[PDB]
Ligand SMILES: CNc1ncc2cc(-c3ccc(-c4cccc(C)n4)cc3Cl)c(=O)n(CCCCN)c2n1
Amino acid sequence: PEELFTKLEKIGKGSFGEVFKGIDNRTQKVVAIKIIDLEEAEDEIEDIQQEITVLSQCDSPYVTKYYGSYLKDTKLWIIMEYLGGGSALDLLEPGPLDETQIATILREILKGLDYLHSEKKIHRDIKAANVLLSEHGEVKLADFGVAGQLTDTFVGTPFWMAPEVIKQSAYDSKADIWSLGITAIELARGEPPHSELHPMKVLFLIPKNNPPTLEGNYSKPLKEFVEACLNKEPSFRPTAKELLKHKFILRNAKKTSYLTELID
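Where the form is deposited without the named molecule, what structure does this chain have on its own?
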C-alpha cells in the first residue's frame, strides 16, 4: 500500500487528512499524495468516491489528472497530478493583480470550463482557491462541487454560488459562469462580493438583491465581462466558448508562461 509510493514534503494539511509531495517508486514520476483519514470524516466517503468517479472520467490539461486510490486500514491514499504553483488565491496574497494577469487566468478557467461543459459536467465550485497552477505556469481546475442544497448545509461558502442554485431551481453549466464572474471580481478586488458579511446573510442576499458589479479603477471590457457573467437569469449568461471570444480576454490575455513571475 505504502511500498509503491514515497512521501517527501507535506505540501498541505487538508480538512480530513494531509496532502504530500510524492514520487512513484515504479514510474519515477512526481505525483501528489492525498491521504484521507476516513475516521473523523464521518459519512463524506460517498462524496469522495463521487469526486473520484468525475475525476477518472476527465482527460484534459485544464482539469487535474487522477491516477488512482489505495486503501490502508482506515486511511485512503489518493494519487493525483502534482501542481506546486499554488492557487490563484495565493497570487492575490502578495499584492494586486493587473488586468493582463486577470485575463490570462480567466482564459485558462474558460478553457477548462469549455471541456467540462462539452462533456456534460458542471464544476459547481469555481473560485480562485480551486484554480491551481503547475510550476511552469499551467492553470488547471480542481476540487469539484457536490449535489443537493440541504447536503451543502450552517456550513457553506455561498459567495461564488449562482442564485438559481440557492433558489433550489434546475441548474446547468451556466451556474459555473456566475461563479466565474464572482471569481473575476475576486481576482480584481482581492476578495468576492459581500465578503464583509456572514455567509448566512450572503446566502439570502444573492437571490434577492441585484447581481454584483465590479467597481473602482477597472477597464470597460473587464466590467462588461463581469456584467455578462453576473446575470440573475442563467439562460441570458454566455457559454464558456462565447466568453473565450470576449473583448477583454482577446485583448488583455497573454502567454501562460508569464504567470511564473507570481510564485508566493
Second form
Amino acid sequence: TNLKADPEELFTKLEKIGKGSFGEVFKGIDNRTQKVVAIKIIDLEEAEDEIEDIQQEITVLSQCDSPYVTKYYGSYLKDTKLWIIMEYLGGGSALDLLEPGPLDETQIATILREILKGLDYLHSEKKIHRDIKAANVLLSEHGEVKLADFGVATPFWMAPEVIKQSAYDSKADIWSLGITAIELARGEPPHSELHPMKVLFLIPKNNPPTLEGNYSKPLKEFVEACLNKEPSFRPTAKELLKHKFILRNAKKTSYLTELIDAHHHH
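Having looked at the form deposited without the named molecule, could you now put up the form solved in complex with the named molecule?
A single chain, with no partners or molecules, comes next.
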C-alpha cells in the first residue's frame, strides 16, 4: 500500500456512488490513464476498531486476478484517510437492477452463472467470499458480472453454520448463493420483513427457505440444492454451473445491457 504518492494528485474525485463499508465511495478519474475508478475513503481515526478487517479485505482482494472479481488497484494514505481504489463498474449492483421491475429467468440464470464462475474461481484458490448477495454483485456497462465487497473473516444471507459461529468453508457461499437466487426472483431475501435478531435464530432453527411463486421447476430446485441445512450436502459451484436451470436459461452476458438501459432511463 503506497504511502508517499498523494492520491489527491493522482485521482480526480467526482460524485458519491454510495456509502459502503466504513466510508463513502466515489466515482473518480485516474489521472494517469483517464480511466474511471471507484474510490473508497475511510477515515482511520474515526474507525479504528475495524482496521484489521479493512486490512484483511484489501489483502484478499489483491490476491485475486479473475474476470469475475472486481479489480483492486492499490491503496493510499493521506493524513488520516485511507483511499481504496478499485475498478469502476457502470451498470450498478444486481440489487440496483432490481428496482425497475422483476427479473425474468434468463437474466436471473445469467447473473447466477457469472456469480458461480467467480465463486468457482474463489473456491479453487481456497478463498471464501463470505458475503454473497445482490448488493455485492456489480455489472459493467457491457453486462459483465463481477463480485465485490468480500465478507469479514444483517444476517439474512448467512448460512446457519455461519450463524452458529461454527467455523465453516466454501459451502457457506453456496447457501448465500441460494438466498441470492431468491433475492433475484422475489426482490428480497427470506425473512426480510423481520427484526435481524429474530432472523439470527430463525435461520438455524427453521427449515430451509424455499422459492415460492410461479417460477420454473429447475429454478426452484436450484434454490433447494443450495439451501440445505447440512453444508456438505450442498453442490459445489463447479457442479452448479452444470445445473439444468443454468444450462437452459443462461444466455450471453451482453444481453444484460438491456437490463442496465432500463435502470438508467428509470
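Numbering follows the first chain given and starts at 1. Under this definition, the rigid core comprises the largest set of C-alpha atoms superposing within 1.5 Å between the forms.
- Lining up the core between the two forms shows that one residue from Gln28, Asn217, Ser235, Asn210 moves its Cα 2 Å or more, and that residue is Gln28.
- Remark: with the core as the superposition reference, the CA shift of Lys10 between the two forms reaches 2 Å or more.
- Comparison between the two forms places the CA of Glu39 3.1 angstrom away from its other position, after core fitting.
- On rigid-core superposition between the two forms, the C-alpha of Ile79 is found to move 1.4 angstrom.
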